[PDB]
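> Required output: the full structure, derived from the provided sequences and hints.
Number of protein chains: 2
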Amino acid sequence: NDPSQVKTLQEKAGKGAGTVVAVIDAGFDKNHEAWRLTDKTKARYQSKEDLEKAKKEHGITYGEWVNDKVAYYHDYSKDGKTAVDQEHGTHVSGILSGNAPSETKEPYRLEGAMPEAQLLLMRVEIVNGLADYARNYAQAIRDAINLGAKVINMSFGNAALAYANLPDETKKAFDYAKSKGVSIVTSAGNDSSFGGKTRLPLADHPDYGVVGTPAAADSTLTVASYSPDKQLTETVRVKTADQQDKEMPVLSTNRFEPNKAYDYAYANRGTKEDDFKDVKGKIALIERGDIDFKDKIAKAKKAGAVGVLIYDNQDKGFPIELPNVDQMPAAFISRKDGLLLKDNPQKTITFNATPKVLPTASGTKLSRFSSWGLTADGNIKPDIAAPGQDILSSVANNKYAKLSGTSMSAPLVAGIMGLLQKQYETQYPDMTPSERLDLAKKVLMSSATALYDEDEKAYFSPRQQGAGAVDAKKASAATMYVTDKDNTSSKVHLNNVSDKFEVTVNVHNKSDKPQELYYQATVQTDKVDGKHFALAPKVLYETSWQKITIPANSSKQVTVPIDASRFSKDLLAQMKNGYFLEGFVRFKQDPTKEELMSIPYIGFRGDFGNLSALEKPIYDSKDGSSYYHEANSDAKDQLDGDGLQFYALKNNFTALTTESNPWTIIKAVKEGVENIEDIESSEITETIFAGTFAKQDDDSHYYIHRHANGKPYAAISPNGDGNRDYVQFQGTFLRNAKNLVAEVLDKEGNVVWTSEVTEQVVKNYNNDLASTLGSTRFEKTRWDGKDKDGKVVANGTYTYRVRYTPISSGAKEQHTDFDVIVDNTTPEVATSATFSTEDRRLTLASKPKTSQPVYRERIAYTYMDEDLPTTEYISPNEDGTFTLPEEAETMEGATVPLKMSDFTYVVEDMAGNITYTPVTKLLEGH
Amino acid sequence: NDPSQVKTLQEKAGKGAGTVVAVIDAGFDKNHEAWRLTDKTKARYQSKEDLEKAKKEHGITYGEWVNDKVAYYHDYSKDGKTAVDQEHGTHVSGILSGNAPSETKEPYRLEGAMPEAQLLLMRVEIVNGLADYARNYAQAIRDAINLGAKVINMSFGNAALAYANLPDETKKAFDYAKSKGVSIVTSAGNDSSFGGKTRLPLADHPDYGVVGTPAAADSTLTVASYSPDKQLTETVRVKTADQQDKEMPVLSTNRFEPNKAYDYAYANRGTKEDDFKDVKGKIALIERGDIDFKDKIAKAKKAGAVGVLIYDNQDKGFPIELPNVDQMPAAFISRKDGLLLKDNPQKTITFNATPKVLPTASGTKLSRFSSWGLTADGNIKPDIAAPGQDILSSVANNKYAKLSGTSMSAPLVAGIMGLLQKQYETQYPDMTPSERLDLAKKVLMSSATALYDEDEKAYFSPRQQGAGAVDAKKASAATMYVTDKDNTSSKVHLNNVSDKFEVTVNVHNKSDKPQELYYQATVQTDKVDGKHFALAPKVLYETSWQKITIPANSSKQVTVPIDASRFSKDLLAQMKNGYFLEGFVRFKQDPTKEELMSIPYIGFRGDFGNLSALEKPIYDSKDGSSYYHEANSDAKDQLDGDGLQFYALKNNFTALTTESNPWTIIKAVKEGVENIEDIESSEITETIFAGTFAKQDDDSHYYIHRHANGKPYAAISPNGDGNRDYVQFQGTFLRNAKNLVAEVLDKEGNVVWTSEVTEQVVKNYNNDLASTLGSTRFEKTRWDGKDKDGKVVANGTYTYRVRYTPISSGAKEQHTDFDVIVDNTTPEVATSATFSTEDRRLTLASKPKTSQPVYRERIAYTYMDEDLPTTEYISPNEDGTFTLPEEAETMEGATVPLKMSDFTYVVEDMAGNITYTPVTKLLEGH
Ligand SMILES: [Ca+2]
Ligand SMILES: [Ca+2]
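Residue numbers (the entry's author numbering), protein chains in the order written: chain B, 106 to 1031; chain A, 106 to 1031.
Since the list gives no way to pick out one identical chain from another, each pair is judged satisfied if it fits inside one copy or across any two copies.
Okay, derived cross-link-like pairs now, EDC-like style, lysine to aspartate or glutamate, Cα gap no bigger than 20 Å in a straight line: (1) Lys755 <-> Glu971; (2) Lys755 <-> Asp742; (3) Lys755 <-> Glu992; (4) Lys302 <-> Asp944; (5) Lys843 <-> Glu918; (6) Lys174 <-> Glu157; (7) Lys186 <-> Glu943; (8) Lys1026 <-> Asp184; (9) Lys351 <-> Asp448; (10) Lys643 <-> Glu561; (11) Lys507 <-> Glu983; (12) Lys952 <-> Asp400; (13) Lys441 <-> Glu392; (14) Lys283 <-> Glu540; (15) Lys406 <-> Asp984; (16) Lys452 <-> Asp380; (17) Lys183 <-> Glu991; (18) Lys507 <-> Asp984; (19) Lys952 <-> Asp431; (20) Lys135 <-> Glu943; (21) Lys504 <-> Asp804; (22) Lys579 <-> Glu699.
Source of the hints: derived by calculation from the structure; they are not laboratory data.
If you want it as structure tokens, here you go:
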């Protein structure tokens, strides 16, 4: 079980004896290691003393020690009250103790290729700001270096750091690590597509990679994990009708009885009752689907119980780790096999205690949601891929299956590069540590082999696999390597390209003899599924092999012309705003032999820098829906606001917000009332969307109102009463942006106001409280209807303009305009009315006169129901009169008499201008 | 225009000169009344002096003289701030003045058939309780009598008095008027069917009459209003194709210019532009429907129409008073006339100046929603019917069209009887005022002609028209009359009856000659439309005419056998809980001549007294719906409670209520924080329905949960924490009841607790804030889980029984049972847990162990989003662990870090037993 083939490298450079490896994480509780045994004490840090002395010569104070292997374990971001289990048995169990064996099924460790090296475990977590988490991290790596690690494995715990802007103490640490030839290695990420695992990016928005690691943290290598076409797995033997044994892969939760002969009974999907017809003593065989695992396992235990065998309902699916439901032993198996047992004559099986490396149902596979990413300048983010168990966990959370068993992929590559760099210390004695680190990185990427997606008959995108799957055997034997034209990077980025472009790479031959090679370039784009990217590769073509010879101790450039014009029409119909044209320039000794070297390249057929950064306003949605917001069918322009209880996860789209303030609160303020919190009325101040209005006869909903031209009726009355006084920008950003600023322009076109600027905008790549919500409200963009250093603007129509710039180099500034009406005209309403006691009808002396059309004209009254205030509203009759009830009924059956003094006439216009008048006032003499 | 034919009675008894007519009402502002004139000041009261003298002799210190007509006026309920105009113009415009002429199309007014009588106007209104209202009313009639009334018209303004229990004072007042031969007449009401004009009564609940006037009133006569087959009306004329003039009825709002030819154009229903294309300068002819009148008119005016003619979409509809929209002339016409105009080649019309008596489109008609009513003992409520303009108003309110122009019907009858009683002063010299009144009532009702409903080929139900339509001519000329078997009443009620029964009535011959007549009985029931009563009659059959001779000056009993067994099968299929068998015993001097006398009778084929008084609990609705509540298709079990803001008109059905109290408040109370609306949490105490629960992963709705037996999962944890501590009865009563009481029985059938009694229950005859809600919450029935001695009852299952008794005589007590489990077992939960800083999961050591099944098992935390606390909940993963986030994001894109001290483990079972433990507590070094 050696996928990356490190054997030859170890034979050549060793296994890390006398070396030190640093591992920085949020925690190491899940040791994975059997609390990692020990070794063969033959080099450095052989005792507390050994540590202390060095640790003191280097000016280090907080150093610890845990035994051999783990020669260090200081805890940064310490203060915060920690209580693992029993605290190592209460003070290390009276000093000297602590251990936990077992490492079954796990093929790789926290060293991969350097198992005989000591570890420096530095725990670092976010406690009191990223800025301080960053400084700890920087110190955490400077100490590793001063402690002599040469190899550092970094993980940022529970992410949420995507696009974070940390202090320069961080980048400073990285530069220093680079200067000393120390490698910093991190993981590429398993949830890297815009929208998250529960969604797919839209085909017209190709900028969908989400980089989890902050730019400042430029690690030596970012590595993606993948599942090889074969893996070390537990198994279960079965006898087929033809009378023969068939050993199959299985993932089990809870342990079965080693070597038995369990009987098994099919139960469909366990969604019905007759499904577990028996199961009496039979293991429940169930197909995945319709309902969740927890239930399948529970229903199985109800009946016969014993154990269960759930089989995937997807062909090339990853093995799923079942939940532990009442110690119930549950194992997961591929679909193929599942369908095999469902027909096997002898419904009997045996669980082998011998893990065996067998083919995988998935075959060579990278999760469709993993690694996707581009750097600010156009380079693909991931550098290389490495093997991992890659199992989908059904218990990471209750929202989606989280990819698991990938944490050991980056460390594997780290170990391999440490050994290769070591190999170079003897192979190229004159090189400095930095130079050896650079060479090792270039060779590792060049020699890495491009993974193939059999399922799509295409290579996995370099945006996912980087330069390819690490191959230690090739790296160690490598006497040549390929870089881009600049001779600095091991990846090529072309930025914007037309249908015809050239890819030029440089082959560096370090051997004393010329080398003959064959080269080709593969060309591919993205696969689309309707209006969404499928997150799968789409091969276009590959060039036919060309021969070239590189003279001894020299380098030669290779240029491969590419022409994908014949695919333009079809591809544009699927991805109208452009698409990627990417691939690999591959080299071989002979076209029939295996890939010797490969370097990835990527171009964008369009103008990537200028792709739209903001999702259009929901007002513009012909459907009423948006990427993160579902519309209400059977409700044209319904667009409720925050309501009485806001849900951060709802209404996440581009729009303008404003506030609704009921006349009751407005009046309470104009009077005195300090409290207002317990006023005898049921309405509250609410945040709503501009352009939306409640119905005359409220129905608890707000609706978008539009002008004859289709634009939303946005209007404010900046008169300080809090009712629709301002508009504020809320946006769903599809791409990162900078310098977001709002400005207001009058009819002429003059800028009368400019907001403060929001330096950085982070795209809304998900809609989750733990990472980022689907939209963001920008308070600095709020416009209260006033001009630059001045007063309220004059009534009229204005242009509320939101400006923002994509971060891509040279990107043009983008903007979205909203027409906003300003109007502070108080409504003119009747000064008198008459009331018919026989008719209970109030007749106003005249209709309301407002500058903006009438929004609502009602008669309000409030009555108590069990100390619970309730404000009722009366709409006008067809002739403009209002009928006033003589009473209101309580839910308990009590009659509440109503008098003229209980009623208040309220008129509100579209801009929120409002006037309220006691009906007694209208009736009195004049 | 004398539909009641009062001509012959007047030219034999006069027109009320020298008499006094009293009118008690809530107002008179609408009272047109041709006041001022009297053309013979030789009335009972000449000048203020004669009046002031009269009231001085009867201890009346209040009241004032006005006009030679209206010799007395007074407001028995001043104080409370009630303003009219400007005091007639600052003290009756200089003291002693006035004028407000404006009456047309009306052949009737106050005083009725006694235009020469003086008036006594008593203004009474509900002001500070119905008790004060009652006294004020009793006093008003007392003053009326002493001032020499003889006739008293009573109007209770805007009721909401249905089934009100007024003081024994009011009754004494009536008994006094009765003893003085003073008749008190009142209207039968135009909205008398269960559920209101907006609904229809259900066919399986035949007790659907709603009596608006309090029982402790009992007028001399309760008058129903009806539209005759011809009415005085303004008209319009058109030239038909035969070249002749066609004059048709019209009801106009605002005014068209008389004798001026107007062109008109058809606009369909005016529900779509282009409809008004050829309308400019013409009258828009528009059909009723789809949109409201106001909009059809506004659209017409915008299109340049000079007025509109709206025609009915109903064939026998009442004319409709159109709304005044910007003074637009608007006239309403029948369907037939509208179709005639639409199809007329010469589209020119002229509005005539002189009104005219013309056939009505409705024909003889009683509103389908009017009069329905029975008294407690089973008598039909209405006594007689009288003509009115009966016009539907589209501006009375904004929910339904209100029948108008019925106010003069009762006063008309009052005047007729006043005259008949005067007539009896001469003939029948020794009778006493009391005996004259009783004879007048008998003759008036016997003489009344049973109205025929041509549309249904059946007589209108006696429950609507009483003894028939008043006919002063037959009344005045009558020398005979029929009464029930006794001589007490002029109405017959048989209570419960089988298919075969007989009706016996007494004919009284006051003549000196033998009288030969023919008689028969009509038999009818209710017309049904699917699941509802159509509020229309269903004729069954009429008996063959039989002969009888009544000797001079004597009485003779007449019996008519009724056999409707032939119809039971069908009728029972439509009205399964029984149906009425009613009709009239009619008398003629010749089967081919007109009706001379008729007396109504009514029986109920079934057991009326024991009809179900309470709608079954919503839990039992297969649909999820009830009479006043529509279920949610797609979720029959959804049953939300009051929520964040209760709606008096929603969720009105029979059920049990309880309360939900979040742990945050339970904790805040258990600790001691005064003022609960300050706590840093978003949830609040909510009223919900027992048997309902939120989902583990809250979706903002509550759902009914049921035991396997199908009963709602009603459970309480009587431990004083406010969370599901009690159950309270909420009922939608279909019939009035008395002595409502709740009791709880243990498994043994023993009563362990009894609630206070709720003496009277008024049926929920509507779902309207101004009259009655669709259900009533009975707080006295609240059970907090304690027994008769304040001791919390033991955990177990109990029967929450609600008992109540219909008001019908002999009715058995009915009851509804609800199974309620009581369980105060505190949940037992893990006391320790381990948290993985790596996986981010919190693993609990054990449990949860609860007595009742688990309701919700969650981890909560609250963060701020702009000084707005928001409590978030995390559900467990499929293996029982919980994943805890590191941060929460604000809507403004800010990061709110989360630490262990922020999380709380909360366990709640089905009875509301709950436990909450800080996650830090569970971690507390174990
Ligand atoms: Ca305002
Ligand atoms: Ca409780």
